[PDB]
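So the chains spell out like this:
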Amino acid sequence: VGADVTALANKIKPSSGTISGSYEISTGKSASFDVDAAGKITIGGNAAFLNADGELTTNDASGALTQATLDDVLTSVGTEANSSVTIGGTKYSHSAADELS
Amino acid sequence: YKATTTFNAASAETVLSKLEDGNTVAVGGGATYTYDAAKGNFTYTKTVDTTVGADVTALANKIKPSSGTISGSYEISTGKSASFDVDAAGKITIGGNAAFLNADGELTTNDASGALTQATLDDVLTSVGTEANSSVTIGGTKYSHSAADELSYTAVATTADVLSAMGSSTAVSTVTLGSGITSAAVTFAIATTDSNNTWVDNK
Amino acid sequence: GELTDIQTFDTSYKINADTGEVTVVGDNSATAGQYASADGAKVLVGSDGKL
Amino acid sequence: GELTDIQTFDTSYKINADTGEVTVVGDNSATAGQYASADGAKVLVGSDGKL
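Going down the list, the sequences are from chains q, A, P and m. The C-terminal residue of the first sequence carries number 356 in the entry's author numbering, and the numbering is unbroken. The C-terminal residue of the second sequence carries number 407 in the entry's author numbering, and the numbering is unbroken. The C-terminal residue of the third sequence carries number 458 in the entry's author numbering, and the numbering is unbroken. The C-terminal residue of the fourth sequence carries number 458 in the entry's author numbering, and the numbering is unbroken.
Hints are computed from structural coordinates only; laboratory data are not their basis. Take these hints with a grain of salt, some might be off.
[Unchecked claim] Okay, the calculated bits of chain q under chain A, using three or more residues with CB under 8 angstroms as the criterion: (1) 264-270; (2) 323-335.
[Said to hold, decoys possible] Result set (DSBU-like, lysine-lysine): computed pairs, CA atoms no more than 35 angstroms apart in a straight line: (3) A:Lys250 <-> A:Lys266; (4) P:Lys457 <-> A:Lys243; (5) m:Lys449 <-> A:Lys250; (6) P:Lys449 <-> A:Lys243; (7) q:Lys284 <-> A:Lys222; (8) A:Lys295 <-> m:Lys449; (9) A:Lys266 <-> q:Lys295; (10) A:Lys206 <-> m:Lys457; (11) A:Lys250 <-> m:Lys457; (12) A:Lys346 <-> A:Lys268; (13) A:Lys295 <-> q:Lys284; (14) m:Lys457 <-> A:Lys284; (15) A:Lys206 <-> P:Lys421; (16) A:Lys222 <-> P:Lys421; (17) A:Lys407 <-> A:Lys266; (18) q:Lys284 <-> m:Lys457; (19) m:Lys449 <-> A:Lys266; (20) m:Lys457 <-> A:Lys295; (21) A:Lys346 <-> P:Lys457; (22) q:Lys284 <-> A:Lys266; (23) P:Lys457 <-> A:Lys295; (24) m:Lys421 <-> A:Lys266; (25) q:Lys284 <-> A:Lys284; (26) q:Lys266 <-> A:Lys284; (27) q:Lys346 <-> q:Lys284.
Cβ coordinates follow ideal geometry from the N, Cα and C atoms, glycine included.
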């Protein structure tokens, strides 16, 4: 991949391409989330928007530049601008060895 | 014979009898609070004082004692549509997590770390519309500390909760019937067909 | 006899010729918000009332 | 109706507003044991955040 992170995102997607819950989004350093996904990332009783372009932390507080998408999270998490982060939950852990400059 | 009868009248107890528009009170050079008699109650807005340049901590230390104890199920609505459900034992935490804060200038509750996280309550109070957010609030435990303005450290902010307290016109009359240097004022007729009425502060 | 600069609302005399409030309609939901000082209070059609 | 000049100790009325309590961080225990006079009171965080 060069700038086409979508290939990696859509390769990750079929490994968990179903509506599930209790997903673990550990982005940045100490995210440690317990969220749900039904085609859109959300935590119990909230929306869990995405924030901080270049830092890419998932947060329910809007910052006028929020998307709140599972594809956006997967492209962000350790695959665009994060290092040593992982998508846990559902008895797998997609750790990120390298980020996309 | 020329008898000059005086007519000194129009005190608080009679002006409030004919009132539908807004009401206000103000003491000396201090903050001014406004009211509005709606459905037998006055929609008083408890606007926390501003009196600050770069010392933002004053508003936080004024609003903290309003809820200055360990509680839970707090509602943190920052940014635009935050609507969190947060616990606070002196530290801001969401259910089962840590709920850090990051994104200075935008100031969202960053429960996912972004290398510049603090995760504490006083930083939240300074953060939530007190410095760099607009039309945001903290709910939960029956209040909504909305932010009328944000502190650019030159323009001054204020946290406000519309308690709707003080509503009874009987209490309004009593409080305006006796104060310090509080010279109040009422507009109490049609916007086209009214003026303003002040009074002596102390009675 | 018409006051150019003074008008009347449904209740009393006002200096405002037109209220002109702005309503925003949700896309994914049929409900319509308020793009005004209400700022999100859901609008409803009253009993024989306009809205 | 409060006073800044005269404060109250935890059990008494002392003018000295500050006590300078001495706590020791128990190494390998991570518990701030008391050191000043209680000598191992095992300080806990109160409901208001103070020690």
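Right, here's what the structure says about each hint:
Proximity of the segment 264-270 of chain q to chain A, defined as three or more residues with a beta carbon under 8 angstroms from a beta carbon of that chain, is not established by the 0 residues found. Counting residues of the segment 323-335 of chain q whose C-beta lies closer than 8 angstroms to any C-beta of chain A gives 0; at least three are required, and the coverage claim is violated. Proximity of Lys250 of chain A to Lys266 of chain A is assessed by CA-CA distance (about 12 angstroms); at most 35 angstroms being required, the pair is judged to hold. Annotation: proposed proximity of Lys457 of chain P to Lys243 of chain A holds, straight-line Cα distance about 22 angstroms (limit 35 angstroms).
Our distance criterion of 35 angstroms between C-alpha atoms is broken by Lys449 of chain m and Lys250 of chain A, whose separation comes to about 42 angstroms. A hinted pair counts as satisfied when its Cα atoms are at most 35 angstroms apart, and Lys449 of chain P with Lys243 of chain A qualifies at roughly 21 angstroms. Between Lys284 of chain q and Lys222 of chain A the CA atoms are separated by roughly 63 angstroms; this puts the pair beyond 35 angstroms, and the hint is violated. Under the criterion of a C-alpha separation no larger than 35 angstroms, the hint pairing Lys295 of chain A with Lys449 of chain m is consistent with the structure, at around 21 angstroms.
Between the alpha carbons of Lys266 of chain A and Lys295 of chain q the distance comes to roughly 40 angstroms, so the proposed pair goes past 35 angstroms and is violated. At roughly 75 angstroms between alpha-carbon atoms, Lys206 of chain A and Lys457 of chain m are farther apart than 35 angstroms, so this suggested pair is violated. Of the pairs offered as hints, the one joining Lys250 of chain A and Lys457 of chain m holds, with about 29 angstroms between alpha carbons and a cut-off of 35 angstroms not exceeded. Proximity of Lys346 of chain A to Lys268 of chain A is assessed by CA-CA distance (about 15 angstroms); at most 35 angstroms being required, the pair is judged to hold.
Pair hint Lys295 of chain A plus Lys284 of chain q holds up; C-alpha atoms about 19 angstroms apart against a cutoff of 35 angstroms. The hinted pair formed by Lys457 of chain m and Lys284 of chain A meets the criterion: a straight-line CA distance of about 34 angstroms does not exceed 35 angstroms. Of the pairs offered as hints, the one joining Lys206 of chain A and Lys421 of chain P is violated, with about 43 angstroms between alpha carbons and a cut-off of 35 angstroms exceeded. Under the criterion of a C-alpha separation no larger than 35 angstroms, the hint pairing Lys222 of chain A with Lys421 of chain P is consistent with the structure, at around 18 angstroms.
Of the supplied pair hints, the one linking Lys407 of chain A and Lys266 of chain A holds, its CA atoms being roughly 29 angstroms apart against a limit of 35 angstroms. Distance hint between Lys284 of chain q and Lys457 of chain m is fulfilled; the C-alpha atoms sit about 30 angstroms from each other, no more than 35 angstroms. Among the hinted pairs, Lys449 of chain m with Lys266 of chain A is consistent with the structure: their alpha-carbon atoms are about 32 angstroms apart, no more than 35 angstroms. For the proposed pair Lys457 of chain m and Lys295 of chain A, the alpha carbon gap of about 13 angstroms is at most 35 angstroms, so the pair holds.
Between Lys346 of chain A and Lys457 of chain P, the direct Cα distance comes to roughly 33 angstroms. Compliance with the 35 angstroms bound is thereby established for this hinted pair. Note on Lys284 of chain q and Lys266 of chain A: the hinted pairing holds, with a Cα-Cα distance of about 34 angstroms set against a maximum of 35 angstroms. Proposed proximity of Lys457 of chain P and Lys295 of chain A is contradicted: the alpha carbons are some 48 angstroms apart, above 35 angstroms. Distance hint between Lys421 of chain m and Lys266 of chain A is fulfilled; the C-alpha atoms sit about 26 angstroms from each other, no more than 35 angstroms.
Of the pairs offered as hints, the one joining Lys284 of chain q and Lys284 of chain A holds, with about 25 angstroms between alpha carbons and a cut-off of 35 angstroms not exceeded. The straight-line distance between the Cα atoms of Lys266 of chain q and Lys284 of chain A is roughly 34 angstroms, inside the 35 angstroms bound, and the hint therefore holds. Distance restraint check for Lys346 of chain q and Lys284 of chain q: the Cα-Cα separation of roughly 20 angstroms lies within the 35 angstroms cut-off, and the hinted pair is therefore satisfied.
In this structure, the earlier hints numbered 1, 2, 5, 7, 9, 10, 15 and 23 are contradicted, and the remaining ones agree with it.
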